[PDB]
Amino acid sequence: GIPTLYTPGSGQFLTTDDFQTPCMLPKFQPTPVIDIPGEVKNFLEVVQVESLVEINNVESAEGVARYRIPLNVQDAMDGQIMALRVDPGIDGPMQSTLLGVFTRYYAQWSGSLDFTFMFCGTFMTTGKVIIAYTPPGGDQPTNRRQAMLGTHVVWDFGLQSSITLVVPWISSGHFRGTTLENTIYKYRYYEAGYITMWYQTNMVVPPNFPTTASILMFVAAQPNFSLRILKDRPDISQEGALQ
Amino acid sequence: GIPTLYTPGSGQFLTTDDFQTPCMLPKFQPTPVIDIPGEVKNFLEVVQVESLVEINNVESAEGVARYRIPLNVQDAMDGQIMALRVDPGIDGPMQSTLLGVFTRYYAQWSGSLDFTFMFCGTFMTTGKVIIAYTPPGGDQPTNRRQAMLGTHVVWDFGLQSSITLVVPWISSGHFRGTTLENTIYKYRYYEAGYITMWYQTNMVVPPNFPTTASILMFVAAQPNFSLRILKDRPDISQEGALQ
Amino acid sequence: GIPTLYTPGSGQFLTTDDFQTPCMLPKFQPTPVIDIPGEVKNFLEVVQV
Amino acid sequence: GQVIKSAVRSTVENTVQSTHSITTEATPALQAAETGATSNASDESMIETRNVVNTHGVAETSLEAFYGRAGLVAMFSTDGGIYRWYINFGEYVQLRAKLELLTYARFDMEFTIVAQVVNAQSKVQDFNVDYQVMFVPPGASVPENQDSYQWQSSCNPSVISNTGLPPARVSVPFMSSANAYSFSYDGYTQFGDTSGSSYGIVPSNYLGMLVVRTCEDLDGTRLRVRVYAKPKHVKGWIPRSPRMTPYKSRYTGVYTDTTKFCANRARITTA
Amino acid sequence: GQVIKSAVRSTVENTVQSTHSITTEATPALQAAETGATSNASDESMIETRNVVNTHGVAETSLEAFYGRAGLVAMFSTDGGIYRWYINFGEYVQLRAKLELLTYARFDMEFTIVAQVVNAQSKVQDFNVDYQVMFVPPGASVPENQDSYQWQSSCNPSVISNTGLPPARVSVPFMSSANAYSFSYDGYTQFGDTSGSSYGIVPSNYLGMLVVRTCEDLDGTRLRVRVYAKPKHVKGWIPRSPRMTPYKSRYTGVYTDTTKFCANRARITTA
Amino acid sequence: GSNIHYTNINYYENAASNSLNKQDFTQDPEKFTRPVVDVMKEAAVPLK
Amino acid sequence: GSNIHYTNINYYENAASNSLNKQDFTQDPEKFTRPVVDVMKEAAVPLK
Amino acid sequence: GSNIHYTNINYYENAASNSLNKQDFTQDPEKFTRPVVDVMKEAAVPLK
Amino acid sequence: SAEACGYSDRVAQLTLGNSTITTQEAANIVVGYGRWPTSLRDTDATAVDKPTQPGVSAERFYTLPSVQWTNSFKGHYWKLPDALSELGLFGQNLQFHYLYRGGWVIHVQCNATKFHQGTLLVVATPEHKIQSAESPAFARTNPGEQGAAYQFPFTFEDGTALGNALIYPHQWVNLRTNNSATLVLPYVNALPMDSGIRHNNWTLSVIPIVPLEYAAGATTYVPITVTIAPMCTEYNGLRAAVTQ
Ligand SMILES: CCCCCCCCCCCCCCCCCC(=O)O
Ligand SMILES: CCCCCCCCCCCCCCCCCC(=O)O
Ligand SMILES: [Cl-]
Ligand SMILES: [Cl-]
Ligand SMILES: [Cl-]
Ligand SMILES: [Cl-]
Ligand SMILES: [K+]
Ligand SMILES: [K+]
Ligand SMILES: [K+]
Ligand SMILES: [K+]
Ligand SMILES: [K+]
Ligand SMILES: [K+]
Ligand SMILES: [K+]
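Chains as they are written, first to last, in the authors' numbering: chain C, 1 to 243; chain C', 1 to 243; chain C'', 1 to 49; chain A, 4 to 274; chain A', 4 to 274; chain D, 22 to 69; chain D', 22 to 69; chain D'', 22 to 69; chain B, 1 to 244. A prime marks a further copy of an entry chain.
Treat the hints with caution; some may be incorrect.
[Stated by the list, open to error] Footprint (simulated), chain C' over chain C'', 3 or more residues, beta carbon under 8 Å:
1. 1–8
2. 11–18
[Unchecked claim] List time: in silico EDC-like cross-link candidates among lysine to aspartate or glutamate, alpha-carbon distance up to 20 Å:
3. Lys8(A) with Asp49(D)
4. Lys231(C) with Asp82(A)
5. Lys126(A) with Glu28(A)
6. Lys126(A') with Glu28(A')
7. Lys238(A') with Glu39(C')
8. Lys69(D') with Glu28(A')
9. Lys43(D) with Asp59(D)
10. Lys126(A) with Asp196(A)
11. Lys74(B) with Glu239(C')
12. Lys52(D'') with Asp18(C'')
13. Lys8(A') with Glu39(C')
14. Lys62(D'') with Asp45(D'')
15. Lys43(D') with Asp59(D')
16. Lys8(A) with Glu63(D)
17. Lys128(C') with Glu62(C')
If you're looking for bench data, these hints aren't it; they were derived computationally from the structure.
Yeah, the Cβ is synthetic: ideal placement off N, Cα and C, and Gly gets one too.
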């Protein structure tokens with residue numbers, strides 16, 4: 001026999017190990033691979049698909065209503081419409097999105113984010129709103145003047161129903177942790193900032209028209225987005241074995 | 001010694017493993033291979049050989065009589081002669097055939113089936129019968145009109161005593177399970193259909209001739225037939241060790 | 001270390017096994033083979049007598 | 004019939020420097036979600052960007068990297084020296100939820116078995132015992148007792164190991180009669196039956212059972228067994244909407260209705 | 004003298020598209036089983052078929068794939084620290100029935116031995132002990148006791164292992180004095196004797212016995228042993244009609260007469 | 022990252038025995054992100 | 022299915038020690054299915 | 022019988038460590054069976 | 001025309017030695033495992049003595065006593081070479097030698113009329129054991145030229161299914177179609193040669209699977225006759241005559 005010296009690690013079962021092992025059916029010949037549409041090779045292909053943000057997560061909103069950002073005819077100027085931390089993996093409106101679910105399967109992320117909004121009022125309903133991304137350092141902007149100093153887009157309601165605000169990757173490090181859990185890891189260190197929306201002018205409507213309307217909010221990863229360090233999704237759990 | 005790291009599986013005895021091992025008699029020299037007729041290299045060669053189906057498996061039929069399909073002079077038209085599920089591995093008339101035994105040594109099968117029938121009445125006895133294969137979806141056909149809508153052959157008794165009905169492989173998947181056990185696995189999913197035989201005209205005989213005759217039923221795998229996943233044949237069992 | 005998987009038979013002592021093993025005297029040099037009459041290489045040579 | 008190409012990349016996209024744009028021609032920001040298409044607005048078109056040669060890889064999100072690790076699929080204790088486990092991945096939710104992210108998938112699997120002896124009070128024992136795990140395909144006879152003849156296993160594959168040896172491990176090929184396993188099936192298990200209990204399960208996903216025993220009888224103790232499965236050489240099709248409700252049953256995707264996924268906050272205007 | 008060729012294939016036969024046929028010439032469906040030949044009617048001749056490039060393999064039904072796995076052939080407990088097992092595969096029916104599917108066959112074998120200590124009540128013990136398995140060819144002296152001189156095993160092959168080590172395993176070549184083992188023999192074991200007990204057994208199939216002992220005496224306990232055999236490099240001739248009745252004896256194929264193989268149904272016209 | 026050079030020999034008969042695949046790339050996501058018949062250029066309005 | 026490339030070196034003296042054969046093909050079954058002297062073509066009647 | 026090809030590398034310094042010899046032939050037994058000075062052909066009488 | 005049109009002619013003539021057999025209602029001819037009898041090759045042989053090859057004196061057709069297809073007929077069988085061990089020079093050569101090797105040409109005959117119906121399976125089974133009894137009787141394992149009646153046809157006297165006997169060289173005598181079956185059999189064994197008084201390589205069985213029936217008043221006495229010819233035989237180990 002060839003002299004050998006076995007080392008530490010011998011006999012261990014590392015769940016992420018990658019060895020060759022004897023097959024239970026050495027001569028088995030599988031069915032042929034047939035042509036099936038929709039092959040996916042990497043989940044980055046999935047997170048780049050836009051999905052709805054559960055943005056109106058308040059007590060008064062149940063089910064489907066939670067996807068609608070309320071808009072209404074104002075009687076004052078420069079008012080706020082919504083606010084949200086842009087971090088894709090933290091608990092909140094983003095957690096149930098495609099981007100959020102996969103981000104929650106990982107410990108770190110990087111990349112620009114695509115936040116698209118679609119106005120759903122009547123054809124006659126007009127308006128202009130400003131959507132801004134505030135890079136980290138302080139608290140969310142308190143008014144439109146402060147918000148507009150950051151990255152932003154001014155959206156004019158019209159034939160093209162939607163607008164995109166790209167939250168560009170602006171970070172000190174190449175990656176950020178996906179959680180902002182503070183008590184233990186002090187990961188608040190990684191906060192990516194805020195996205196806020198304000199009336200640029202006002203929502204305006206004709207006589208007897210609905211004075212309230214909705215905006216749907218979509219989010220997806222941009223082409224420079226990636227994830228690292230797989231981890232179990234915190235949303236999937238159980239008590240005893242299922243029967 | 002060369003550094004090594006032994007892995008999970010070490011020391012295990014997988015019955016289907018395939019390693020090289022020291023020989024008890026390293027210098028032993030076996031007798032020469034001599035010329036013996038009938039060499040077989042693959043059991044597909046065996047299942048392609050026709051064998052008798054124990055088709056008349058009823059209380060009144062014992063032993064050899066169970067291989068005979070009863071035929072008799074009719075006094076009504078379009079009557080049924082026999083019926084059978086075509087599945088080669090399930091309990092029933094097929095289980096004791098060559099095809100059935102080997103199919104029962106495996107978990108999955110695929111391929112067309114050859115069902116051949118030989119008429120054994122007198123030379124003067126005539127008749128025409130229709131044999132049909134009903135692909136799955138419903139129950140066995142209730143009458144000749146329903147049966148003839150499927151794959152079929154019309155057989156005319158004559159000099160050539162036999163006829164073949166090919167039950168072509170018509171399946172959603174490339175393979176089917178060999179059992180239709182439902183309570184646990186819900187394999188009824190794989191049912192391959194039915195084969196039924198009906199009088200096309202009538203069995204006709206001269207004066208004082210036997211008014212009953214027999215048909216022998218043969219079955220075999222076609223050249224596009226194969227089996228996968230070896231398993232123990234359910235028919236072979238024992239209580240204690242044999243002495 | 002090179003990943004390995006040890007198999008059944010490991011540790012067994014088959015009397016007819018044929019492996020290489022460390023020598024108790026690795027540098028030992030035996031006496032020369034001298035010319036001795038009657039060398040036999042196979043016992044078939046004996047049963048033919 | 005494929006009108007949309009799918010070129011492969013080994014790194015994420017670079018950022019190219021961009022300058023201001025004041026025009027009535029190009030309007031990258033204007034979109035129309037009604038089309039069903041995700042926005043095509045690029046970073047460079049929405050703000051002035053710098054050059055970034057981005058070498059970030061994409062490996063850890065590949066199907067192989069995502070699925071390529073072991074997860075618990077079975078855990079049980081023998082009774083009378085034997086246990087029959089129907090092979091299915093619905094008992095333990097973590098791996099189950101992962102698989103349901105795809106509609107169809109082909110993959111081989113590496114099964115790892117970790118076993119030890121425990122007493123009546125479920126206290127682990129330092130006791131080496133030989134155990135046998137036999138794969139019984141559908142249609143084959145399942146042993147009723149620890150000493151039944153089926154354990155001869157002349158055709159059924161079996162793996163015999165010892166609680167004193169490292170975990171047992173064997174690979175299995177893509178065994179379905181189908182051309183891919185299905186993790187979502189909107190149909191019934193058989194013709195002629197429309198009962199709810201036969202809905203949503205594709206029988207071809209069930210390849211049989213694993214029956215386990217100790218080769219000889221333990222005195223008052225039992226064998227505790229954990230089975231782990233690791234998908235390998237994964238090919239997948241049609242990504243699915245992720246599970247967003249707790250699992251309740253092993254064989255069905257039944258769930259408890261809910262009015263929210265994430266927790267509520269005071270107001271939509273306060274992040 | 005071979006007038007029928009046997010070309011080899013690695014996949015099953017393809018299906019070629021066919022069209023209708025209305026003629027008095029070709030009549031593929033008409034057959035004559037009396038000739039002893041299996042029907043030669045092809046799918047394409049009986050119905051209109053489509054093209055099917057069938058890549059299904061034939062590997063798992065090859066003799067090597069069918070026989071190439073271990074099966075139990077012996078199981079016993081020592082008595083007085085020793086046990087003598089006559090090498091024969093008639094005690095355990097699964098492997099026995101498989102071998103009888105061929106009339107003649109040549110093959111090497113891999114024997115695997117799994118042993119453990121059990122007490123008087125047949126309860127397994129966690130006790131490592133050295134054991135010896137000695138192959139005693141016919142004509143050699145068989146030890147009467149656990150400490151007899153034959154255990155010196157200077158010529159007889161022996162394998163010494165421990166219940167604390169993995170199962171012992173050794174390969175054996177095709178050892179028969181014949182040019183193939185016979186799994187069916189219509190003859191007697193000797194000239195001058197026509198007693199029924201000497202019928203149907205070919206002596207050349209019996210290569211000797213395996214005698215087992217613990218190297219030293221166990222205190223009140225016994226050694227439980229299982230011997231598995233795996234045919235390798237199989238060459239076979241003349242397929243046989245499969246066993247269709249339960250086995251009753253270890254050395255003969257005697258059986259209980261029966262009037263049916265499959266269970267009865269109400270009528271031949273109801274599937 | 023991954024090694025540019027490393028052992029890659031299969032010891033077993035069946036491909037199922039092989040270690041994990043080592044490609045791990047991603048592909049253009051258009052079949053999922055923009056499965057539309059008419060091309061809608063980034064610089065133009067989507068609908069007209 | 023089976024690997025197109027994989028280790029195939031024998032470590033032992035006797036062929037009996039070698040791992041399982043890796044051919045596994047099948048052959049024309051005619052010697053069992055149609056062991057007749059006169060050829061009976063599929064398109065013709067068997068007996069005349 | 023014996024393999025026509027198989028590993029044959031020595032891992033140790035001394036030849037005593039090597040595995041068994043693999044020749045195993047036999048030789049003309051004349052030195053034992055017919056150790057005589059005068060040739061006695063099979064077809065002739067032994068003594069004259 | 002037969003080889004041209006691709007069919008088998010119903011007439012046949014078998015000529016060996018000083019014997020000729022004819023039939024006008026055959027169903028082709030079966031050649032077991034597609035192999036005609038062949039001589040022992042120098043590379044397969046082990047017995048070193050020059051063999052005896054009797055030629056035409058033993059390679060000819062021997063007709064055995066006929067058997068009646070009675071109403072309760074279960075079938076009949078003959079062991080080979082046992083059945084011819086005491087017939088002609090084949091029998092003498094078999095008795096005077098320790099070793100024997102050879103093939104066979106079997107012709108089973110059973111004619112009735114176009115007013116009769118019935119079907120016989122005619123099968124040649126290698127190593128066919130008569131093991132339905134705990135201790136098989138010599139009278140049944142070696143019935144001689146008279147052959148023996150089947151007692152357990154459904155289980156083929158060996159615990160297998162009668163319907164699967166088709167895996168062995170066979171033909172059928174289906175009265176409406178043919179009145180004879182012909183099988184050419186090569187020597188089969190796990191050895192180059194063997195003793196003709198201790199081992200029967202083949203067993204010829206004629207089993208009714210469809211009972212004999214007929215128009216009322218037709219001839220009821222229908223015999224079955226077996227004619228067998230050794231083919232390509234050789235013997236080694238000459239000594240005095242010895243029978244089992
Ligand atoms: C002899 C050693 C035993 C090792 C285990 C062998 C297991 C064989 C079964 C393989 C099937 C795995 C695929 C199942 C995927 C479907 C899952 C589900 O829908 O629940
Ligand atoms: C020293 C280690 C012991 C290992 C076991 C060696 C066994 C040697 C005997 C080999 C004979 C096997 C062939 C038997 C086939 C015949 C079976 C039967 O008819 O019952
Ligand atoms: Cl969080
Ligand atoms: Cl927070
Ligand atoms: Cl069944
Ligand atoms: Cl059923
Ligand atoms: K790049
Ligand atoms: K645009
Ligand atoms: K985008
Ligand atoms: K093919
Ligand atoms: K034809
Ligand atoms: K056929
Ligand atoms: K001559």
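Unsatisfied constraints (hint numbers, rising): 4, 5, 6, 9, 10, 11, 12, 14, 15, 17
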